[PDB]
Amino acid sequence: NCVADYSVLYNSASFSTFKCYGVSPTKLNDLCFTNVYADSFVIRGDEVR
Amino acid sequence: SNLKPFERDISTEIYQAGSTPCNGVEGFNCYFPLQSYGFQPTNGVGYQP
Numbered sequence: 001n002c003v004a005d006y007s008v009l010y011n012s013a014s015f016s017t018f019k020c021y022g023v024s025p026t027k028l029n030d031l032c033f034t035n036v037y038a039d040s041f042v043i044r045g046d047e048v049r
Numbered sequence: 101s102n103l104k105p106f107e108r109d110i111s112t113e114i115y116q117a118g119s120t121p122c123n124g125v126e127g128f129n130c131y132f133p134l135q136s137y138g139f140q141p142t143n144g145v146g147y148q149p
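Those protein sequence lines, which keep their order, are chains A and B.
Residue numbers for the first sequence follow this note's numbering, beginning at 1 and rising by one.
Residue numbers for the second sequence follow this note's numbering, beginning at 101 and rising by one.
Among the hints, a few may not be true.
Stated by the list, open to error - Which residues of chain A face chain B? A partial, calculated answer using Cβ under 10 Å: (1) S7; (2) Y10; (3) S12; (4) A13; (5) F18; (6) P25; (7) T26.
Simulated from the structure, these hints should not be mistaken for laboratory data.
By construction, the Cβ of each residue, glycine as well, lies at the ideal position given by its N, Cα and C atoms.
Input sequences plus hints: build the corresponding full structure.
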């Protein structure tokens, strides 16, 4: 129940990892989704792989 | 942009997927256009040459 602007985090360039599957990075703004789950946490560096 | 039918233009210019071009420098959001593939005799049928 909210529109998400996907350009802010994609153009912030502060992210050390940005891996998107099923959808390309620059077509997030075009698509229309039913729901999206957000999972926030902190993981060690080489573990992010 | 996509290819027209029967188009062959060999280029090595790294394309900028971010909000700022890197001007030919492999950096953030500037990937190398040419991807190589790891052919193996043990590769799966979907990945064998």
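To see whether the hints hold, each was checked on the structure:
With 10 Å as the threshold, the beta carbon of A:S7 comes within range of chain B, its nearest partner Cβ sitting at about 8 Å, so the hint holds. Satisfaction of the interface hint for A:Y10 is found here, the shortest Cβ-Cβ separation to chain B being roughly 8 Å, below the 10 Å cut-off. Below 10 Å, beta-carbon pairs count as interface contacts, and A:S12 has one with chain B at about 9 Å; its hint therefore holds. At about 6 Å, the closest approach between the beta carbon of A:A13 and any beta carbon in chain B falls short of 10 Å, and the interface hint on this residue holds.
Hint status for A:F18 relative to chain B: holds, with the closest Cβ pair at about 9 Å, below 10 Å. With a least beta-carbon distance of about 7 Å to chain B, the hint placing A:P25 at the interface is held under the 10 Å criterion. For A:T26, the interface hint holds, the least distance from its beta-carbon to any beta-carbon of chain B being 7 Å, beneath 10 Å.
Of the hints listed earlier, there is not a single one the structure fails to meet.
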